[PDB]
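Before any questions on how it binds or moves, here is one chain, the form deposited without the named molecule, in structure tokens.
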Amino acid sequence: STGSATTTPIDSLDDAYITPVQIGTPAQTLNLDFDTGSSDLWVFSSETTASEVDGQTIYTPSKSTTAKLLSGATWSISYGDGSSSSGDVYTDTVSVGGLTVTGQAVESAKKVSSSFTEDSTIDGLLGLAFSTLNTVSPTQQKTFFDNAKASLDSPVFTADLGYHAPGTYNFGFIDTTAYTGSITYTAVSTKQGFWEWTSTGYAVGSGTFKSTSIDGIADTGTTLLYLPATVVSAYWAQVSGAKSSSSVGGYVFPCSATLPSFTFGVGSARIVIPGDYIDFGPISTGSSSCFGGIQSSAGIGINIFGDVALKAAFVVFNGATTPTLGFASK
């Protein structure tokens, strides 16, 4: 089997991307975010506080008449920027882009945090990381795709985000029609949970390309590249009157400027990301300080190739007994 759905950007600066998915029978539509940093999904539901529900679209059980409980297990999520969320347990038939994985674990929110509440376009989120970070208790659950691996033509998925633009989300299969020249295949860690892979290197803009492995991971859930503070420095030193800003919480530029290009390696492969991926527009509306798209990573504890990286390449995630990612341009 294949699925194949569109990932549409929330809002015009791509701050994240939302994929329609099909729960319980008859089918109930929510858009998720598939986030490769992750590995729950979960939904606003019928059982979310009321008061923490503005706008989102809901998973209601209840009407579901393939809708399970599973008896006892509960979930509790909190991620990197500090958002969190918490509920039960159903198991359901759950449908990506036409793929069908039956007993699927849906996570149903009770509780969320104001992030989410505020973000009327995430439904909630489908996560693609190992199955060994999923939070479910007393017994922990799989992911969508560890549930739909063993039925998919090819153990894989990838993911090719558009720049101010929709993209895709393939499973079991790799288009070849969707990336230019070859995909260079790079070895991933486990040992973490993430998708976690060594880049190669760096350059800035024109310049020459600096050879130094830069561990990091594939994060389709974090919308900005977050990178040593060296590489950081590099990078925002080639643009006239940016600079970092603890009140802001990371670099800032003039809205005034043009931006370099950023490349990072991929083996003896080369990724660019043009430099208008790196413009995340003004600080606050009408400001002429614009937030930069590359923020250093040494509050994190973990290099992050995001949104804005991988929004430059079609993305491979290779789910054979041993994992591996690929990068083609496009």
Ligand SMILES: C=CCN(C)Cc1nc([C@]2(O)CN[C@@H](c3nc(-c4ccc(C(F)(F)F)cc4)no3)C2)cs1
Second form
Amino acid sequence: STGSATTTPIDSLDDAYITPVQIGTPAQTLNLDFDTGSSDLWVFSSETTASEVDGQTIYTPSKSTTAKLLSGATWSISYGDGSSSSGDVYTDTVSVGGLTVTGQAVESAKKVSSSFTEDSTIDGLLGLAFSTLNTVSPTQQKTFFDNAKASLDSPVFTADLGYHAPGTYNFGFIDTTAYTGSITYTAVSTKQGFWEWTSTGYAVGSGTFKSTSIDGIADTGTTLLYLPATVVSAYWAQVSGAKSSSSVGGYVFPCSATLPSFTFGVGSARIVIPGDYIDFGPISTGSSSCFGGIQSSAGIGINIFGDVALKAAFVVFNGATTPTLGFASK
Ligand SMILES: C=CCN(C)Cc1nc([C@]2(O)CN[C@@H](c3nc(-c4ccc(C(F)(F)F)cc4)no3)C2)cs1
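Take the protein just shown as the form deposited without the named molecule and give its structure as the form deposited with the named molecule bound.
Every component of the complex follows; first up is the chain already shown.
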């Protein structure tokens, strides 16, 4: 089997991407943030504290003939930005772009933090990291991809995110019309539960390539590109007026600037992020200070190839027995 679904940015900055997901019988369609950096499928629901729901579409398990309480199971997760959610668990039928998993764990939120409440466009998250990160207790649950894997034509999914435009998540096949050139595959470590790999280096603008190993994760659920402070300083040094602002929380640059591109290495291949992809716009409405899309990973503890990086490529998440990541230009 295969599936294919369109993913759409939630706002004019590509802050996140939402993909429609069918849950239950009759189907309830919720727009979920597909997150290759976590492993929980959770939704706003009829159980979510009323004061914490503000415009989201909710999953109502009592209206699904295929929903079953997963008795005794609870979940609780926090994300790298400090947000969090928690609740109980149902199993139900879940379909993405025509691909169906029966008995998928659907984690129903009883509580969500303010950042989730405040984002009316995101109805939940669909985690696509390795199931070893799933937070359901006492019986850890599998991701949608892990459950679908055996049924897929090929044990892969692909992320083809758009720049200020819709994109595609495919499961079970590689769309050879969706990229240029060849896909370069690179080794994955699953030891931390992430799609963790090692980039071979970087270049800034038209500069020469610096060969240097950068361990990091491919994370569709993170907006920006987080790299070591040395790399990030070398990038922003090329932009007149750019500075790291403690009060804003990262590098800002004059909105009057044209940004250089940033290239990252995948083995012997190269992915070029256009400078425009690194512009996240005014720090506040009307400001002439703009927020940078390349930021330091110092104190995160891990480098993150988030959407800024991934949307410049066609990305293959190969979940074969020996997992790998593929990157192609597009
Ligand atoms: C070893 C150190 C790990 N440390 C915690 C840094 C990391 N962090 C992650 C993510 O937690 C998973 N991938 C990212 C993600 N963030 C979201 C999200 C968060 C908030 C909203 C809200 F604003 F609507 F609330 C929406 C989506 N979704 O995914 C972050 C992986 S590694």
